[PDB]
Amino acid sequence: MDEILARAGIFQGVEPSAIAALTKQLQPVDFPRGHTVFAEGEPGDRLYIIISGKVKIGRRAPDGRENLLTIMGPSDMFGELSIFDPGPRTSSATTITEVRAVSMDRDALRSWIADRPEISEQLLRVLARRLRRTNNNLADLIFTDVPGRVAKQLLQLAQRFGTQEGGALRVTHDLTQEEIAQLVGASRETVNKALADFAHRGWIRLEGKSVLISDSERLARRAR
């Protein structure tokens, strides 16, 4: 599991042999599927790295309507925004499978950067990347229509969690039909038809909390 940790935004760029010498006394946590690790708006000082399982990053309207910002998995950090720009959690963080993680608090995190200055530019790198992704997600809402947007999401899910079957990519995305619409940021029926059409043409084939992508090249053409 040290192997999964070493793939972090933090542990990337700290001498790999020395990554052993530091991974010791962190608090390692467990969560059942469905656990609110923390809620949007509340204070918090902990940052987590996912050892195993997937966490969904949610945003909730006063109205009661839900929205998913991104899905995190093995090796992804979450809960760092309220640390770096001190303030409240910018969103809810909810487990999607059972989840093994490892957390560290604000001060523990201070030791780390002081002793291993390299971390900061990787941390900078993660937020910058996330900015880029979010910038895109945002423009997609102003500009891209639903099936176009579903295409992007499956594709993004696939670069992040996809495995190979041969020519085709497996995407065990551990999601419900409503969470997928929630990532896409549009109606549930509408996301399902967009998905049905793509299945129709054997571009994708749906199976449980999972999708198999046959024809990524056309898929990527519905994106745009």
Given for the second form:
2 protein chains.
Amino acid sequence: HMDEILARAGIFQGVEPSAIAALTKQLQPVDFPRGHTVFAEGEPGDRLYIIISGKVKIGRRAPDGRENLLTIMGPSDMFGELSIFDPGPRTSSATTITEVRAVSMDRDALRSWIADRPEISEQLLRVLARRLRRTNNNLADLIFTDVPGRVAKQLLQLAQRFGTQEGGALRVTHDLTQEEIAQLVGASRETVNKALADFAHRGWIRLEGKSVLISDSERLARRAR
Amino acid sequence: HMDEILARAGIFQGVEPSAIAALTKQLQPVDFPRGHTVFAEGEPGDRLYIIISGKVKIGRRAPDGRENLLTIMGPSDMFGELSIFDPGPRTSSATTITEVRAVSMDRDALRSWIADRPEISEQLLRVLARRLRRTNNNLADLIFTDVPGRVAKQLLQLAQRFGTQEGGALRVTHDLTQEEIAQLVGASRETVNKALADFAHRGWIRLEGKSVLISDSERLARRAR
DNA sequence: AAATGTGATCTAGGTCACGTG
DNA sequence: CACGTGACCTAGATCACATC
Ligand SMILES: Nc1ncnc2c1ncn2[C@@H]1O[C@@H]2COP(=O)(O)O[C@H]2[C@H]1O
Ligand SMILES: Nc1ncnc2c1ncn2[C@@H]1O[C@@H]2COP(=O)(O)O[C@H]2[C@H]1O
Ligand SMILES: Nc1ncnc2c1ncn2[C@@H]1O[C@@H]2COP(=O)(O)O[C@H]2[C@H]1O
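Moving on from the form deposited without the DNA, please list the structure of the form deposited with the DNA bound.
Full complex below, order starting with the chain above.
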């Protein structure tokens, strides 16, 4: 049902899924509207959430007031755990793109599950490990890849994660306004659209509201390169 | 000498200082010249290193032949662990700007220490956590702060770490060529020099060889923000 | 009816070219 | 082989609209 998702939460991953099943239960869920601010920077938190449905964007804002988005999280993705490992104010903020079902847990609860099963620590370090990896890849493309090739690279990220295969090519219902993709890519609203214009101009992809159909993933991949 | 550092080291805040003195002992040191590629991208690794002296620079290169530097590490700084927690090729290369004395340790060796002492896993997660946090700050500044602002930010991030207190102001012997600062900042060699020019021009800092005597940290800071 | 398209400018900064100790 | 500092020249933000 929904332990189907949590099973793929990293932290469980492996770990006596018979355990997982009993544990979910202590855990109780929370529901959020589209656009709810789960938490914001500066505000202190000792609570981490695993997403069950919907999508959450992580972000930051400079004092000038411009935001960028770190990442898009979706089912089975867990977030807001840095202030669980390094206690302190949130460094970012979590808002909703959709209706979200999320399970929530605090720090004192976590150390319990970690105390009972070591292997979870193994797997958290693996998540963080992978996670920083993913982030260095980005900090790199900010430096090298141009706004176009980046938009192209993003579409791939999203497609893979949130993708589905319908007919002969895959579907991506990103649920992002282009404004969001822009700040998820570090660029201006407009200059990304044009990247997309051309992207669709070559018949590489089809734009359909908050989603996209992608015809030539080979060409798109090639271009982001 | 060798041991004063380890306590200041990361894996093991605390800890059981009784342990550190002995465990430090099994680890065998190894030395490297100024410019030794400890490891490079693609090549496998199961070994993480704590620096005991000198400085190593992490960074990447595109197929184009450009390259950027993720970070500069010094004494008591761990690196090369990501392929320990998240097994897989190196995502970066570690090179020396110095003569570096570093202690080395593999994955299996690490699981031992973890299995004996748990706290270590809490402390590793704290490290990574702090790291992703500091990385994000950087991804942000690529996006928003201008090259001059970043160079002035970096100079601080160096002082804070490899800095000392000479007379009334602080000395930083970065041991970096400007080309390196550039790529540590994600800008060209030249546009970084002139940034420095103006910085020193305003008497904010004095440049001598591979170091810098900072006069007005208040100005530089404001300036970088 | 806020989300989009798309052009007409402006500018930071990259690329060159070439100096210097 | 590290710095210095110019004289251009592309990428892209900014603004200015117009369409759903
Ligand atoms: N660059 C990033 N990539 C992925 N997740 C992040 C990133 N930055 C912050 N987060 C998550 O967002 C959370 C914000 O609050 P925390 O600091 O408690 O924990 C943070 C992480 O779980
Ligand atoms: N790995 C990196 N490669 C290139 N530039 C970086 C890197 N990390 C940080 N920077 C930039 O250099 C700036 C120095 O100051 P900050 O770290 O606060 O903000 C930093 C980023 O804008
Ligand atoms: N953003 C970063 N800042 C500082 N050090 C890093 C960063 N990213 C990776 N590293 C270190 O560089 C190492 C490269 O090899 P590993 O991936 O095995 O482990 C990595 C980390 O220890």
